[PDB]
Amino acid sequence: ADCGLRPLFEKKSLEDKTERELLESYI
Amino acid sequence: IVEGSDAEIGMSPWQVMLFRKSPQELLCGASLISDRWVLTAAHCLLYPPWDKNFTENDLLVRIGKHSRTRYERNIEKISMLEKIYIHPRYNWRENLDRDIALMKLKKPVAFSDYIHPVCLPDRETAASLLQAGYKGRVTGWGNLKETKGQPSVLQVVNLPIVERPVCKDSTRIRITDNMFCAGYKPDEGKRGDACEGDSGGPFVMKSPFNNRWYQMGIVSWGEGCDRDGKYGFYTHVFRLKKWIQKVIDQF
Amino acid sequence: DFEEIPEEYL
Ligand SMILES: CC(C)[C@H](NC(=O)c1cccn1C(=O)[C@H](NC(=O)OCc1ccccc1)C(c1ccccc1)c1ccccc1)B(O)O
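Chains as they are written, first to last, in full-length UniProt numbering: chain L, 334 to 360; chain Z, 364 to 510, 517 to 620; chain E, 55 to 64.
This is chain L alone, in the form it adopts within the complex:
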């Protein structure tokens, strides 16, 4: 619903230190 959206990251539009590594692997 609101599932998979972190209160301290996505919800505040802040990125964790390694989530980009994931994104960069999704080609």
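Don't take each hint at face value.
[To be verified] Under the rule of at most 25 Å between Cα atoms (straight-line distance), these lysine-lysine pairs were calculated in the DSS-like manner:
| hint | chain 1 | residue 1 | chain 2 | residue 2 |
| --- | --- | --- | --- | --- |
| 1 | L | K350 | Z | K559 |
| 2 | Z | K440 | L | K344 |
| 3 | Z | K508 | L | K350 |
| 4 | Z | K440 | L | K345 |
| 5 | Z | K469 | L | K350 |
| 6 | Z | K384 | Z | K469 |
[Claimed, not checked] Facing chain Z, according to a computed beta carbon distance under 8 Å, are these residues of chain E, among others:
| hint | residue |
| --- | --- |
| 7 | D55 |
| 8 | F56 |
| 9 | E57 |
| 10 | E58 |
| 11 | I59 |
| 12 | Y63 |
| 13 | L64 |
Calculated from the structure, these hints are not laboratory results. Ideal Cβ positions, reconstructed from N, Cα and C, are used throughout, including at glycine.
Place chains Z and E with the ligand on chain L using the hints.
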């Protein structure tokens, strides 16, 4: 987790710790998928070769944690189990096929900045993200090596899904469609794997389409930890979703 | 190595 890094505060707010009442110890990892359902590996609860057959009253669920051993007053929530549901075709006798179970909490947990449910993939999510090379994220409070000891806080590591023929050829165990494997190859130089105590935790991926975290896998099994030419095997959550839905719908 | 939890959860 071997060769991981300390998790950031609220980095994995669906992370659940399966904790044994007496003696007080970590039993496995798990994940929060709603305010009253927790997902973990069947082998965390039931594993006849090692005489494991936990019932509801043997355990507690700790949600919102970061430190392994502290009682995280005002941050964690600690819940009792009303009921445990193991996949009826979980295969403990041979390869841990269908290694999945659900735990219904006695009371709904409150969500907070540190507690929040992860999404379960649908067919398209799985189709689009479960590809060789695509990286997922594994978290847990397990051993730092096969043989420092145990971490002080929740550990994290990102690992690439591996081609199914390479998974096959890395082991003597019979691989099924309800499993996938992840980890770097020897030539990739980078390391990382789940280890003793990490079982039952989540292998998640962040959809680049709707920017949500989905739990694609459950830490199931591996031969040692972070060994060259070996990979971690994970329960394919999407393939067992019908069972998940059936249990939750009925119960 | 585990700190006691409110022994009410137990
Ligand atoms: C963190 C997770 C991944 C770990 N999972 C579990 O340890 C899992 C629960 C029951 C045996 N299991 C395992 O991961 C086993 N690993 C195993 O026991 O690794 C140690 C080992 C190293 C070298 C030789 C033998 C063993 C694994 C397996 C898969 C499916 C069914 C039964 C056993 C296996 C054994 C022998 C050869 C190849 C694979 B943890 O230790 O519980």
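Results of checking the hints against the structure:
1. L:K350 with Z:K559: 17 Å, holds
2. Z:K440 with L:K344: Given pair Z:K440, L:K344 holds - Cα atoms ~21 Å apart, limit 25 Å.
3. Z:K508 with L:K350: 23 Å, holds
4. Z:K440 with L:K345: Cα-Cα ~23 Å, so holds.
5. Z:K469 with L:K350: 35 Å, violated
6. Z:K384 with Z:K469: Holds. Z:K384 to Z:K469 sits at ~16 Å (cutoff 25 Å).
7. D55: Constraint on E:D55 satisfied, holds at 5 Å.
8. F56: 5 Å, holds
9. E57: Holds. Min distance 5 Å.
10. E58: 7 Å, holds
11. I59: 5 Å, holds
12. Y63: Holds. Min distance 5 Å.
13. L64: Hint holds; E:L64 Cβ to chain Z Cβ min 6 Å, cut 8 Å.
In summary, the structure is inconsistent with hint 5 from the numbered list given earlier, while agreeing with all the others.
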